[PDB]
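One protein chain omitted, others in place.
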Amino acid sequence: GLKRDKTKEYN
Amino acid sequence: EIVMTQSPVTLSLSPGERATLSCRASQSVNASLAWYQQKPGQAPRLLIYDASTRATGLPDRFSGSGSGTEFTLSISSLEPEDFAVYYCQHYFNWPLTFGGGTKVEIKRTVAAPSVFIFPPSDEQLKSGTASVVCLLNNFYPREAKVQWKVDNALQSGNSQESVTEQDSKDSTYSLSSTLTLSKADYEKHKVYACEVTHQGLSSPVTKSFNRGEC
Partner (left out) sequence: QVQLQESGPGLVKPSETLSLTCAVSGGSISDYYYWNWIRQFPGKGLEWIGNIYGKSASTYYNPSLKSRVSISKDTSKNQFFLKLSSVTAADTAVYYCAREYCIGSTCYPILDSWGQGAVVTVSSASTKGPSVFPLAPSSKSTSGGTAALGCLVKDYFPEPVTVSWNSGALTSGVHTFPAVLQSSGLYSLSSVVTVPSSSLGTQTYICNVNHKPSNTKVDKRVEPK
């Protein structure tokens, strides 16, 4: 599902 | 897009009872599922995410469960302040989508309305219309019958009703009924009356006035 490290954009 | 469907559409339960709200996804969203609570006049508030993780500080009575296509929000013991619409939202892929909501109403004991009537103001009459207002205050359940009579003639089709959202503390409703007449019609009749039937009234209650009387 959708998730990201805080310093990265979504895919 | 993935479509989220919620059931039931509405729930009405007494304080202390367990509310079980269901959310179904049209394809699996694994654990990427959140729940929100929306109270009247407010934005939604995030309650649960990752299907079962509570937002910080959330009361423990709220719990989420499920996986894949089937999810549940439980409120283990309802409180009056829990009146709200609850929504699910997936975040498995784009676009994000929400369920259609489940409205949770609180039962309480029957409470009869207090009834009040207001003639049109002189300022409004200056302009050719008359609005007569009947107020039913702080009652439960929501269902009520308001009948307008003008010189004992039952009115139909010339009133509109509005009802507040359930009160977050006392779980009651209030209701207005507004009768609209032309000024010319208003000045041709004497007795204006609103008659109220409600579960909390042993027999109907009428509030009335005579046009002119202060």
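In this document, chain identifiers A and B correspond to the written order of the chains, with residue numbering beginning at 1 in each.
Just so it is clear, a residue touches a chain if its C-beta (ideal position, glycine included) is under 8 Å from a C-beta of that chain, and two chains touch if they have at least 3 such contacts.
Colleague: Based on the whole complex, identify which of B:49, B:62, B:71 or B:83 touches the chain you can't see.
Modeller: Residue touching the absent chain, from the options given: B:49.
Colleague: Residues on chain B that touch the omitted chain in the whole complex?
Modeller: On the side of chain B, residues 1, 32, 34, 36, 43-44, 46, 49-50, 55, 85, 87, 89, 91, 94-98, 100-101, 114-121, 123-124, 127, 131, 133, 135, 137, 160-164, 174, 176, 178, 180, 207-209, 214 touch the unshown chain.
Colleague: Using the touch rule from the top, list residues of chain A that touch the missing partner.
Modeller: Here the touching residues of chain A are 2-7, 9-10.
In the analysis below, only the chains that are shown with their structure count from here on.
Colleague: Can you give the whole-Å distance between the Cα centres of chain A and chain B?
Modeller: About 39 Å, centre to centre.
Colleague: Provide the residue numbers of chain A that touch chain B in the complex, in ascending order.
Modeller: Residue list for chain A touching chain B: 1-3.
Colleague: Which residues of chain B touch chain A once you look at their complex with the stated criterion?
Modeller: Per the stated touch rule, the residues are 29-32, 90-94.
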